[PDB]
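Engineer: Given only the sequences and the hints, what does the whole structure look like? Please build it.
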Amino acid sequence: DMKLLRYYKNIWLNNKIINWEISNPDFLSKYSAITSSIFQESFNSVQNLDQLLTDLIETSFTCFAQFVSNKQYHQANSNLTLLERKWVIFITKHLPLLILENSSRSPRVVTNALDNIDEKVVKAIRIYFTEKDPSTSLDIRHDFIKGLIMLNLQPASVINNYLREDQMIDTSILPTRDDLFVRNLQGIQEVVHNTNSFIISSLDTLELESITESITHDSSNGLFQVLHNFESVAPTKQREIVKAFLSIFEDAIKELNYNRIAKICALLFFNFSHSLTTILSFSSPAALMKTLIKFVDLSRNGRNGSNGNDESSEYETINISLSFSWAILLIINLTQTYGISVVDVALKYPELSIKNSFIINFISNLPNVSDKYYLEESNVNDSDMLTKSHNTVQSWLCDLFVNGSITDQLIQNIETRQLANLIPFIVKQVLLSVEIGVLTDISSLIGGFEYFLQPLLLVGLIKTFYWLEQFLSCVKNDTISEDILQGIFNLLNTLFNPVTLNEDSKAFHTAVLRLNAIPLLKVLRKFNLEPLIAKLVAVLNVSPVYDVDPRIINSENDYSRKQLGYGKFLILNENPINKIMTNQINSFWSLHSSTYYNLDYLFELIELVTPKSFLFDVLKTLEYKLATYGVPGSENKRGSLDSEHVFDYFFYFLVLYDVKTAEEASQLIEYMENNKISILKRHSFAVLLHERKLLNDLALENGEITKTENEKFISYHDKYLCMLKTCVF
Amino acid sequence: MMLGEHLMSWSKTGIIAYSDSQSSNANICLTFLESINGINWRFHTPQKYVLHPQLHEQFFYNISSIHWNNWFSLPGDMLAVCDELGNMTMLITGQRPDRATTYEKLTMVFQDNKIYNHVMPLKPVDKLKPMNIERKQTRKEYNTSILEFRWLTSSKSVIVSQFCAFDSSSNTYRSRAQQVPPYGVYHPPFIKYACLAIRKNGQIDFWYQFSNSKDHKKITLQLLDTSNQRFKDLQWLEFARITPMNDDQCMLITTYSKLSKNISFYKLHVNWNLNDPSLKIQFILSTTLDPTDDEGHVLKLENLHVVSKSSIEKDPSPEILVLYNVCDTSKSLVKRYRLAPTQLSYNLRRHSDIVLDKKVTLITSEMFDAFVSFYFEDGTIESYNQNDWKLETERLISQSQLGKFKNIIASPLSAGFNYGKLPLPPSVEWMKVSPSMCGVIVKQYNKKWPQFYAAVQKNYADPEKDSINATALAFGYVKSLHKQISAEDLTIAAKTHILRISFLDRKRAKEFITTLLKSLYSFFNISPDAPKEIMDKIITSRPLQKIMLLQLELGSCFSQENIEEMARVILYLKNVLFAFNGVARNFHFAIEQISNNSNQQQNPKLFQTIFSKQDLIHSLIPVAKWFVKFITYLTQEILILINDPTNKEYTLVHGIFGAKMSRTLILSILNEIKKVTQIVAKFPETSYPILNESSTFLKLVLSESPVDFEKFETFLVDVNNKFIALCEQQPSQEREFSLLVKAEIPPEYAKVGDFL
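Those protein sequence lines, which keep their order, are chains Ae and Ap. When the letters of the first sequence are read in order and numbered with PDB author numbering, they come out as residues 287 to 419, 433 to 826, 846 to 992, 1078 to 1132. When the letters of the second sequence are read in order and numbered with PDB author numbering, they come out as residues 1 to 57, 100 to 155, 158 to 317, 326 to 397, 425 to 835.
Hints were generated in silico from the structure; no laboratory data involved. Built from N, CA and C at the ideal position, the CB exists for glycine as well. Hints are supplied without guarantee of correctness; some may be wrong.
[What the hints assert, rightly or not] Beta-carbon label-pair distances, calculated as ranges:
no.	chain 1	residue 1	chain 2	residue 2	range
1	Ae	990	Ap	302	26 to 36 Å
2	Ae	361	Ap	528	24 to 34 Å
3	Ap	44	Ae	925	37 to 47 Å
4	Ae	979	Ap	206	49 to 59 Å
Structural biologist: Shown next, in the form of structure tokens:
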């Protein structure tokens, strides 16, 4: 009963932390109703607020303990750290606020909560830190108490209670006020009394050149200092800062202010000191996606009311081009590393035109470019546009490779969407011609590729880098002479190492090289070679990269006698898929091993084996273990109630992998009782169970299946529904 | 869940080897079709066997896939089965270490775990003693789990037919056969055989055997030839379909790795030239799948089946048929892609999209037929041709009749013979359309025996469609013989339609047989009205062993009818032909061996040679008794028919004499009989008088026959001359068919019947 409660609560917290639902004001209500929902019988106990906060404290600490103490059994390079940073952010940011506006400011309850923990967590944390590395080794408990001090929750005499008996902390040194302090140009810590005004004032005077070249922290801009010093922000103030961006960003879309839109996207993309991760931790990525995709979709109507007959048009067109081009880079970074799908948001919001959405089909075909150039895709049945489609290709090739200048007429007559596909087409044709031997002059091309770096033509580089590895992978296996190979690097180095960069293109060029760097580095090392890796490692070191082996980035001289793994999930012959899933069967059945409570290592494992084979190889294999060994935890093989709770562990886990939000549960109950519902959950178990339920019922009318077999299958189905309806999601 | 696409395999010789998952003592089963009482059919008794990795000297594992070596022009007897653990067990049938055996007895070649040679003849489980073997279930998908198995053909060429058209000028159907040169990868003659298997981890295997040795060799590689073993053991391929391409020694290993979520393509190269073949691999291309349709409904990849396309078709690029299902909608989309090189002034070019109204649960590609089968949920099957993706069962309705070539028919399915209400896939363990598409094999959970469903036609009351149907079934066998298929499935389907015809009008059904078998001769460019030179070629032809067998089964229900009797006597005369002339050639060579081997009489080899010379002639005596007993039956009917010429039940006597080659065939038998007796008289046995009994008995049985052979010899000779002058009197080609098959004389030639 207690074990059931703790398992259910740990998996519930893990799922809710993954699902970005911390910002939901229903967190405490669901956490309180967990106890009543788990026990079918009525449990009418008045749980006081201190009890709720204490339960949250030990639940979070034990969950983090298991999360960090299950990592040694993983592969040493099966690196997934998004959830680790997510735990850190939650425990250091939200729980202090949960106490702040949920607690009664009782110092005793915090002492009881942090004194009731086992020493196993402390021993494991210290052992792991020592193995990774006396040097200052602070734990997550110190950061928890420090945040409470800034909120006036506890006096400065409380931190000394939990400190080691030999080392204290000076009370005066610890910050005690929640006011923003920034180092000015003269070194005085200035008080930022107003947050929104500070952002807009700095944003207006912000320089796009100061993004990556300003390695030093002594930058005159206060806002840029905050990004590199993001780890020390006050607990309550960062919520205001995150909310400040949202209100400012939505207003910029309404007013069509192109200057501030492009600058904002540059800060968020690079993710200095885990800046972008905290943003998604607070505000739900769905709302951020909706406004962001509205701009990229509704921008079509904005080009029919502007006439290029003013000297500010070239300023505006560059401002328009960069505002649109940067907004694309924000989506790709979110989709690739942060695990968000563009298709899902369109289904949830009916106001998005799926069939007429240019963004949706662009991302899914990002690494692949069409061999033919089409001005419009929905009207391929017409030939009038195809006549001038070839005209555009020859017009741009002659002007950029022979004339050496870009006429203003060409830019005005073409849209950004055609440019996003025109640039990959031309570079592919030129690069392919060079490789075969059609093009033999390099020097004219080196200057030619310089024109792709202008602010007007910046959006054309997004698809250029993705195609490179597919181009390079064939090159790696194919036999290419060094004379051609050194030429390929010469043409490539022009895009990689420009001689000069404009004040609006230097940060953009680094940003695009950061999206698809990792697979490029692996292919290049398989072979003027060093500068490309030197440039690639330089742009990889500007900010941390998630789920990457740090040995790969700095493998210049380190030789640890262990082969590097470039992927999130890695498998060897010594530890094949059999051993891990046999250890999963030992955990799916007897809850052995230590790979559980790790949805990083399990969700990817499910996909690699597919939900069908994952469920098929465990459901029917359970009987063999059950028929011989028996139900663990009971010394008597009497009754099926003991085995009933064991089945609840397996079915409750599958529910969370299917249901992700609150209102979604109320609609899946209607799916079972019988269009838009199953669209979002193509790979869910619920679809697989329901599609077989209706199909075998059809055979029941025709009588090709025994009645006993049909009764067995529905037993699994009704159990899934029964827990779905009795538990609130 | 996906069905068992490779759980069962119909061997080209009729053996149905399928996986067994219910018996606790066996994992494989063997059976075949047999006739109950000449009319009905039943499957043979299941011959159960047990396969475990330790047959070389104990728990056995489940069977993953069964692949008969029926590909291309291979003999189709060497069965190699791969278990769930990844061990490839090769079983040879029809051969024993010491002698030759029938096709229902198995034998091992080698076992893979390292590979070693161990020849051992397997025995059935039921006959074997109770052994200590339990069904251990390998519920783990190992790195060595073979995904797709493919066989390697030899350098031999295969000749098949593509289609037939109705020649309205002659009002007859015409077919053209085109030779198919080998394409893809073929193993040289000096290698006994070769095979390829792709494992789920990406590791590849290449088993081969040298024709001059018994030891087996294995060469293994891995697809992802990276410098790190971290990614070597990561390629968990969901689908790995190997389609040979027209490129020399190349196989397109179309794989879909969910790790990178892209349909990666590969190319495999092998250099045959006794050195071991060298294996090479080269990455080519990778693409991403489309998320949505045109109207805004998302898609899910259900299956990735690429068709094995030869160079015959207009665009030889293989069709990558990525199936998608629109969720909560009965529609199912099948997007088609083709791989083509990138041209200057590779890539995947999208041709079109095809929408199907029902969800698909299984796809099976037909062999040597170019037919993709869509096993929908409701049991209906819609086989789309590879050429145009036009439905075969509805092609006639939508065919543009006007043109030079009309009524293009490729299979009996084009006529309209649609399968009935098949059992629902949830209850079905596995399905497989029969090779001729005439019926479907269904294995049921509660049925201990395989079932069978045939094709039915709703408009059986319309008499005008008999002309098309007979021609459609005529071409069905034409492809089967060229592919050396038994085509027992097609025989059952033809009889059921004939039976329904005979229930209403018995007269109509008889004409259906005559028209049906006539089209076979036209399709194969063999003419029973040709001059006598071609007639000798007909007797030695294999097809008469099968085309005559057709009426042996299609005419069984007709009691007291001479349609089957006429075919059997000619067929048995062929067996009679193999008796005398089969040994007349053998006996002739024994004459020369006597003279040249007369210089060593005391050697221990001549004594056995001498004994065998006079023993062989002894075994011919029982055959000669039936030879004399046969000619008396026809002579007896002569006396009976004279008194009552109006008896229709004794019309078989007319056809026997009417057959043109039979009169010559018996004359040839009488000729060699005279030659043998003359040679025996010229060269009698003198060393051992006791051995002369067999030679003397041969002379006695001929002289003691109740009817003199010389008088009977002139009987058939005179019939030939009279039946040739009648052809010049009036030209007719149906009389040649009538005297050979119908065993009757047309009413327009009633005067000819009185002469006999």
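Engineer: It remains to establish, for every hint, whether it holds in the given structure.
Structural biologist: For each hint, the structure was consulted:
| no. | hint | result |
| --- | --- | --- |
| 1 | Ae:990 / Ap:302: 26 to 36 Å | holds, 28 Å |
| 2 | Ae:361 / Ap:528: 24 to 34 Å | violated, 50 Å |
| 3 | Ap:44 / Ae:925: 37 to 47 Å | holds, 46 Å |
| 4 | Ae:979 / Ap:206: 49 to 59 Å | holds, 57 Å |
In this structure, only the earlier hint numbered 2 is contradicted, and the remaining ones agree with it.
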